[PDB]
Amino acid sequence: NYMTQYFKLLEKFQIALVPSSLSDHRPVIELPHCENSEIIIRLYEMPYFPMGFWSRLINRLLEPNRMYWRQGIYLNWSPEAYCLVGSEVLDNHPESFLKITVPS
Amino acid sequence: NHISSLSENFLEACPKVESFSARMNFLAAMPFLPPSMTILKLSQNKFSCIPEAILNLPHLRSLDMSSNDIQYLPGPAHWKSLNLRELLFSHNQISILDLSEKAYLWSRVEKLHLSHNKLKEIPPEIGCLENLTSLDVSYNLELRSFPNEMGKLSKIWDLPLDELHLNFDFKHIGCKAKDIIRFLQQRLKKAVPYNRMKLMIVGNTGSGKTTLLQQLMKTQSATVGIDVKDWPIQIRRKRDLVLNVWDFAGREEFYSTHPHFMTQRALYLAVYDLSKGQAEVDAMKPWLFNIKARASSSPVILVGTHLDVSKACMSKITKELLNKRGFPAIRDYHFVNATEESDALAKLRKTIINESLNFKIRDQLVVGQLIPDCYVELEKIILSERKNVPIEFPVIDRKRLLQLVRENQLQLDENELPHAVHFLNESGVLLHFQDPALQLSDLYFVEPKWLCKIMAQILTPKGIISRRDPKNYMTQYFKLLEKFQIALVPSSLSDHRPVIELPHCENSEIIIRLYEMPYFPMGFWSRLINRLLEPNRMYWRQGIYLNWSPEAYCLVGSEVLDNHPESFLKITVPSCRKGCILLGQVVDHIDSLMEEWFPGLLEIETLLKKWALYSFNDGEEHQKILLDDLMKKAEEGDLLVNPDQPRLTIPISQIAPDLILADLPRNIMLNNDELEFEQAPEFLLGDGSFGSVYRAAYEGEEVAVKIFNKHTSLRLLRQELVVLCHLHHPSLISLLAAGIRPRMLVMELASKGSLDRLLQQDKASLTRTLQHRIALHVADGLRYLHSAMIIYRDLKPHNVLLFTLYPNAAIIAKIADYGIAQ
Amino acid sequence: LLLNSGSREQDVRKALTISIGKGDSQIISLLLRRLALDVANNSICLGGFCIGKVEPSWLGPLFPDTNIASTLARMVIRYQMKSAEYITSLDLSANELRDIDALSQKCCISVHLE
Ligand SMILES: Nc1ncnc2c1ncn2[C@@H]1O[C@H](COP(=O)(O)OP(=O)(O)NP(=O)(O)O)[C@@H](O)[C@H]1O
Ligand SMILES: Nc1nc2c(ncn2[C@@H]2O[C@H](COP(=O)(O)OP(=O)(O)O)[C@@H](O)[C@H]2O)c(=O)[nH]1
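Protein chains in written order, with PDB author numbering: chain A, 1644 to 1659, 1668 to 1714, 1729 to 1769; chain B, 1139 to 1357, 1365 to 1381, 1384 to 1457, 1463 to 1612, 1622 to 1630, 1642 to 1659, 1668 to 1714, 1729 to 1798, 1805 to 2022; chain C, 760 to 824, 833 to 851, 982 to 1011.
Heads up, a few of these hints could be off.
Straight-line distance between alpha carbons at most 20 Å, and here's what the computed SDA-like set of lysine to any residue pairs gives [what the hints assert, rightly or not]:
#1 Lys1952/B <-> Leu989/C
#2 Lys1952/B <-> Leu1010/C
#3 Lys1772/B <-> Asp1844/B
#4 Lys1952/B <-> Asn800/C
It should be emphasised that the hints constitute simulated quantities derived from the structure, not laboratory data.
All chains should be built: construct the whole structure from the sequences, respecting the hints.
This is how it looks when you write it as structure tokens:
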């Protein structure tokens, strides 16, 4: 009967749905805005992703049909209002990236 | 009138009557009509035979005795009249169309209606009636024949063929109905037999599919494409028989293009790979289900291709589970080594030949069908042009094809040539797509194995790709690949679904519907996704989730159920009005896909259970109760669905807003309360009889209701409604209500009727400004329809409905926009 | 004056129902002249207008039987510029009548009714 201690610790330990072992394949997403002026992009280029990075990020980002995967969120309210915290990779670039897409 | 029998001298001293019409009267005999008749209308009367008094009027011109209990028709050498022009005999117990005595006496006959009768066979003396315009022999279901002599009736422009067995069944219908006379005429010219059918070898991932084909024709890489070959069979019964073999690809990467090459006129083989016994038979079941969904009437001869190993009684599961459960007609089965010849392989050849000679769909014997010699000459020409055109580009230009047919003295004009090449594509000689959306009207693929090796070559985030590498015909590549469901490629596209959340989960605002089927057909998901892009669509292999808002989205997933082998298709949508619109569009798209591609499913268990889900308690629904859609549709009289007690209920619009007409914009709700209407009295039916058009008072105003007979479909009705929902032009007949119980339609009432009756009866009213106002209003309607990006295709004074005769009015003329509905 | 200018047919029809509520012969005669008289072809088309009864004083003037404001207009626009055969058709059908006997008496209409 200390099961809620288990669940609260697992939430504290970034286990809860589990962020690890969660669908590494990203889906083939489309976006309603692609005219390259109404889209704000920002990169967060780092050499590697730290160990418990994506679990801590996804857990601290649920605060909106969030169709996430291991390395993304895409929480969407509207074509006029959404976000996409992806993880883009670049051609001929060993350093990892973190690509934030949002309408303007 | 309820008259029983006319007086013997009823028309005694009226020697000028012309149009004595006594319809739906309890009449039995005609007592001495005068000799000055032209037209009589004696239909729906209790007649037993054509009375002799009508057979002596020397100027009779028309005769309506439809829906009468008459048996024998007197032949054309008894009528004593030389101006017969319209004989109508629908819905009678007539058996013979005897036209053998002197058939040339009926040469002036224009219309002739023998529909809905017990006719046996059309006599071949019909060909002399050179002035036939509308011969009606539909709705007999016992004819199954057409004499080649009727190819001379060139004046025929329409020929109803509804609900009758057929012989050629050549996929050309009577929508043109003059081409049918052209084919009958050309068959009357030459009438050569034909011996060619397809043999589609079907298996999977390495079996006796190529080696078996190498041994069968008495002649190693895996198949890429479908590898079209052919081989003749010299039957000694001297029947020179050739059949082309299509050994389909085995790997699942090509499984999204095989439905383009599975026709109903073919004999299939199914291969086991008997090394892994008792499981490969279970693995062969999706192939058999796909054969059933594609070609419902084609036999399948199984082959076990490993008699080198053993698992010997693997025929037990075949004899138990594979006989008849929704699987195609397994006519036989064998077992063979398929590497060198044997008595088993020899009897396999013999059974393949014997099952080929007795295909006989609808008892027609398609292995020895009859065609004009122009078809066989075109076949020899094209088969010689395959060797005459190099392998770099076997596609043939349309003008080159015309030059090829003009290079010889064939009787093929440009009229019959589309059906010619369609029939040759049916027998698999040259593949050609006459779809005008494709740029294939000048593309005629001789040697289709080139096309199948090329168009399947491309299959050799995760799945998308833009233009990245062909002599400047690359847009033909891309258009064909779109036509072949290749384009981004739907196959090899991210099988893992994402962990999606939904903003609405309280189990009352979510409409769910299932589409439970045993397996997914071959090219199902590619065809669905391609036909569903018409909104950040974050799709995958087996889903879409196109989303406009938390208030408006859709999710065509593919849910799988615990302890359920049958697959499913789960449509999730919110329960606002936009949710109902999206659900209706999606359901209509899916049904159109299944009707146009897999008719074998939607046929009789029906192999496809359309379910519906509903909750009693909003939230914590506790496994929403499944309910089949069919009897839920049958519960249309009760607009609420309730449990065993009436302490709760649910409206049908809540959980099935497509049956209840609410998925369309709600301005055309039927609203049966204020409909003062009676379909019975013909007073109101006087507003039109060819269509079931009546007169009624609805919502206080006068309307002209149209009752739908059983010739329409509810889905087709909804398709007609959505285009007719939002036109709204002042020169257009607007709609007021539409719905079910009964399937009716409430359109506005034109006071002065149609234009043709006005100019026929009251021509003094057209006064050079009413004419101009009518023309201006009709031109306004036509310009609106062309700005509505639609055609009308039948404009006539039968459709110009007038509203007043005051010239300086706001509205005068209105057109009937139901012509776009058909 | 108001009917010779541009007036909507729905407006004239609604005002016809109003002026037939307080029945006054001359005004409703003018409204019917604007609505249902087609002089070009000797045509009365008094059709769909659901009037209760019919008085022969109403359609009476339908049968054939001072430049003050213009000069004021001309002066003020100058200042604006400086500063810048019987009728044989009678159709009375959709009007929900109940007794046509009002037309039966020898009114001022019978010479036209012949
Ligand atoms: N809304 C309407 N108001 C007044 N008259 C109408 C209306 N709809 C139809 N009619 C009349 O009724 C006739 C029959 O209607 P309709 O259903 O269009 O038959 P159709 O025009 O001959 N073609 P079809 O529908 O195949 O029988 C028309 O030709 C018109 O004269
Ligand atoms: N030794 C042996 N090989 C077999 C037998 N049946 C099939 N095969 C093998 O099956 C292979 C052919 O695979 P196939 O199905 O024709 O290729 P696919 O159609 O592209 O999948 C050949 O390599 C054969 O060796 C058999 O009875 N004995």
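Verification of the hints:
A hinted pair counts as satisfied when its Cα atoms are at most 20 Å apart, and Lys1952/B with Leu989/C qualifies at roughly 14 Å. This hinted pair does not check out: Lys1952/B and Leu1010/C have alpha carbons roughly 25 Å apart, beyond 20 Å. Taking the CA atoms of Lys1772/B and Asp1844/B, the gap is about 31 Å. The hint is violated against a cut of 20 Å. Restraint check for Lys1952/B and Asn800/C: the C-alpha separation of about 18 Å stays at or below 20 Å, so the hint holds.
Hint compliance for this structure: hints 2 and 3 are broken, all remaining hints hold.
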